[PDB]
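Presented as structure tokens, the chain that follows is alone, the form deposited without its partner chain.
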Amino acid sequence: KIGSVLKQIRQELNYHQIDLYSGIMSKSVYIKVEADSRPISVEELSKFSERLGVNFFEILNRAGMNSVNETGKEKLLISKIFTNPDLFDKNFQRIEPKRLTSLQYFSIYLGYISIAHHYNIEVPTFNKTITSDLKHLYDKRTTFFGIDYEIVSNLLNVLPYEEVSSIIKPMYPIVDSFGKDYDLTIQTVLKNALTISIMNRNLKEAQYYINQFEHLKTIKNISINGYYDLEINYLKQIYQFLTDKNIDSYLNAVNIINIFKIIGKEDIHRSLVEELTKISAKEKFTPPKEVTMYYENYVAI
């Protein structure tokens, strides 16, 4: 872990053991730290971190913090259980019971309920406990962490918008950034939410999400996800088309879909194309020959 990494970085930058502990601990003590035979304090690592000049978060990662613990494992097992709907059964029975052990397990658990509805496996349990679970986790909350946003994102995918919208309102506006991981999670929710909104032609909720996202940009140090910014901006375009049948807005939307293709985002392109097709279909309006030609051969697969 840490200790090794410190000795490594220390020597790389050509610092003697002395430059690191000089005014932080004993040589007898510091040797124990590099030997990985004495836990280092968060505050201590921090000082060494500065002395060396290498970022604290980097040192941690360079020492193994990354899917490196009980819950970490349980989470990886879903990308696999996805591509093997039979490796399900034995796993859904060990998790289901402990789905409220911590917020992280509720996420994972919802991850299975997703894989379920997908391949169409059975989950009669989900229908008779989702409401009980939610109340137990979001009835008396005053603060939300990354994991809560991750959870709401999973919920949106396995639950009718009506059942999840109540949970969301209390989680925005965001006023601070608590890391890049946190920044990403709080943004995913807005994207998912907005997409669904635009899809139910629920313009009032759409505007709300579009606005929450515009707000995030003003937050000091927040790391906006470019792909998201580009997709939400596409949704903002459709939003204007639904509001005043603006033609430029429709063009801007088609245009952004093409950009996603031009930069190699096959997945997002397919999604945004099928998305645009349906929307127009409802508006009783035909999309360009371009987009439709893509839809077909995305059905021929």
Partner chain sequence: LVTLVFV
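Take the two forms, find the largest set of C-alpha atoms that superpose within 1.5 Å, and that set is the rigid core. Only residues modelled in both forms are compared. Positions refer to the first chain, counted from 1. Compared with the form deposited with its partner chain bound:
Residues present in both forms were considered; between the two forms, the rigid-core fit shows Cα displacements of 2 Å or more across three or more consecutive positions only at 278-283.
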Contents of the next structure:
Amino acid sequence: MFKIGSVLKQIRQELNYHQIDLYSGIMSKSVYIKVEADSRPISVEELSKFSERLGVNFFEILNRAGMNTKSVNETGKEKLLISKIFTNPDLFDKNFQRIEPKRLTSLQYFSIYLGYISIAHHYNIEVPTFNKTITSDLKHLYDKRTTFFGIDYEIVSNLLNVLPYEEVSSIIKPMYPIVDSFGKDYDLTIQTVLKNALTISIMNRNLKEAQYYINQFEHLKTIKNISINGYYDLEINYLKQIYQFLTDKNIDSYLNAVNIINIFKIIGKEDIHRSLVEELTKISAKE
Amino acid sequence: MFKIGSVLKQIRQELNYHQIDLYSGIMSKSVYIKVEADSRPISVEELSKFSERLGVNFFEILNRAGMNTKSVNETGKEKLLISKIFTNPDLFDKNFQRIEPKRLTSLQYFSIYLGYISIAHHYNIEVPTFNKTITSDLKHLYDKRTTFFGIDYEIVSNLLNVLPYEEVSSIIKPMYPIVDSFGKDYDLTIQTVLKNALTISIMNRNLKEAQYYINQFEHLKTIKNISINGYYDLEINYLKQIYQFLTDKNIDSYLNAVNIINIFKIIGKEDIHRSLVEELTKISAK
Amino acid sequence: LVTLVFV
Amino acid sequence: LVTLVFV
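For comparison with the form deposited without its partner chain, would you give the structure of this protein in the form deposited with its partner chain bound?
Next comes the full complex, and the chain you just saw is listed first.
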């Protein structure tokens, strides 16, 4: 449902290439004219070949064609809707009623579902259907899995925000270690689980588990092609730094942890800095 | 030339979906079986529709099909080869001879070209063909341009490493400000030009220009969907912090800059921290 | 921090 | 720092 041909045309003309430079040794003129007209759908193989001819990145051409946004399909709309509802809760009930039953259709809907549960939990909205099903749900979705996709690591990241660690950990363990990268998004979610769990394990003083997560994150850094998140790398190192303060009780590591958090302020991540300062004070007591 | 059907099959079976669940309202059974067999090529529109059916990211599916690596085409191999050569320079001559004449074929080869020039510059390898062409080259590539692509920002990033600022600036100015994001890669290159130029403007004390780059970076932060680079955000803020030390002569800014740089060591970016400390020393002179 | 993500 | 980038 995207005008790729129009973007090819756009780029081709911008680079002063002639139609011939593009279709020759790939398809007929009259056919390529139909691609730029966006009347004939284009193959991935074909687009890949055109990307080479122009010298413009394959994925960039896709973004320009309209894949960069999330509004491309139902699921994305719904995922953007989360923000709206988070800030404007009165819109919860109406939406949750539409989402809740669809939760086990695609891994994508399930992520959204967990999102709604988080909104509920935050504003003390009653969610009885949740506590009655999550277990059977996760057992449905995961009891027979072998490999894990970006969305799975997303789900689990979110799941950790609505279930006690002791219920989620059995699911996390099989999903690590990571051996390869499958995009910047896959990169994000695999990192998020680690970040989230390391947080929780420190909060709860499960230092043995907490180390596992630190070590897992370090391993990520060794993967070829993996796109480590800069802000994550900072947050996890703070948590690592706190781990070292809890285990070796040496005060230097605490200060490092503080100095890391501060750097967030110094680079204008104002609200993230606030959230961290609260969490550090919280750590130095309980959760 | 990628087994996308196999990956669809692989994901399908992993999620216990039946062939029906995928092809229905899209194509015939016999046709879909051909897709998973990787005998019939699949359309972008088609793959997008299947990505919805499975609930697994369209771009991830592509990466799993083999687009995540760079060795997919000539250009990428050549870009990976730059590292080999940077470390093992004795292999320069042989390769640069094959790259040099191809440099104006695609914007991708031109990027590579500038890469070789940087290797050469580093190891004092003679490159007379460079000094004799770059101007006509850039005049050829850019005199008639209107919009800019990720590769263009890449080129300019690298161009800055091999031409004096005064030659490049005329090309940079039209390429900003940015209005939209076109991928994590586009995001990367548009930021790198900024970061690189800010660095140079500081080094050379062109404070006026330097501010322009800082402001441009700040604008990026306001674009929806833009994926700002964490380590870039740190390095640029250190530069911003040094800018404020040079204009307002207030010592707190200097400390901040230092404090930022050290954070790099504290998070294990060892070689980047070394690079930055050398650069700081450098700044505090010429 | 326990962050949520919706890719 | 002046970095080179190859996508």
